[PDB]
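Every protein chain of the complex appears in place save one, which is left out.
In this document, chain identifiers A, B and C correspond to the written order of the chains, with residue numbering beginning at 1 in each.
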Amino acid sequence: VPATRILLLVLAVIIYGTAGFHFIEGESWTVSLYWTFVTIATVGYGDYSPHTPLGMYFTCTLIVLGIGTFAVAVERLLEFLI
Amino acid sequence: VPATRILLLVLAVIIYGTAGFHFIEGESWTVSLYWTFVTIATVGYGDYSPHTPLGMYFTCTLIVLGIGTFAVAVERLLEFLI
Amino acid sequence: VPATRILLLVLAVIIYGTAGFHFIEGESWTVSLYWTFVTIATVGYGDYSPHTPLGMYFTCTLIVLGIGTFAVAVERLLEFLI
Partner (left out) sequence: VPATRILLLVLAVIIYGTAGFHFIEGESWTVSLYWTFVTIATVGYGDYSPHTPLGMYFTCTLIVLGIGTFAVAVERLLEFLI
């Protein structure tokens, strides 16, 4: 799949994750964006995490939709810098 | 391996993880499902984790049986939406 | 690489990780084994982690020697159950 398409896909995941965390868990846009990257990259510091059932469900959806997309995006980015 | 078979395998892992954590560590079904995803996806927030020796042994079994299965499931899911 | 050789390699990693965390960080053998799996699988709950400079150095060595070995072991294990 074209690298630029994979870029748009991961940007869409990032918007989804960030807006979701912001509105569901109430954290700031900046913290939510950070939490989104930390989650889809599978880092998972745990400094931020969902504390509501809706947030937990949402996080599972983000995990399923976002980890693979992020992994593909990283590997494509590798091809370009490297 | 057929995508639908991989689906059944990851659903089986999810049931195993969720019921195990619920019964061993005593967390609610919802928290246990969430913890299962967070674990097999290798996110590992650490907001929930086992606090008993049996829970620790169980978590190691889940890690070994579940991380690979979830990884294959994600990559198969990639192909379908993408 | 033969699957059984990969098994021995990951067992060697597990022994190294467990003994090291036990002796350097002072946690029980059981906690240390659990921490080793949680680390080399890249889950990283953070319920346990090194609190000394030697422990931090050691953990970096385990990360480098163990994450790859564990990942290959998992994928070979997938071939056998699946």
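A few comments on the model shown:
Just so we're on the same page, a contact is a pair of C-beta atoms (placed from the backbone, for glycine too) under 8 Å apart; a residue touches a chain by one contact, two chains touch by 3 or more.
Displayed chains that the missing chain touches over the full complex: A, B, C (touch as defined at the top). Touch with the chain that is not drawn comes from one residue among B:20, B:46, B:50 or B:66, which is B:46. Residues touching the missing chain, restricted to chain A, are 30-31, 33-34, 37-38, 41-47, 74-75, 77-78, 81-82 (touch as defined at the top). Within the complete assembly, residues 42-46 of chain B touch the chain that is not shown.
For chain C, the list of residues touching the undisplayed chain reads 1, 9, 39, 42-46, 49-50, 53, 56-57, 59-60, 63-65, 67-69, 72.
Throughout what follows, only the chains that are shown with their structure count from here on.
Work out the mean CA point of chain A and of chain C, and you get 27 Å between them. In terms of their C-alpha centroids, the spacing between chain A and chain B amounts to 19 Å.
The set of chain B residues that touch two or more partner chains comprises 42-46.
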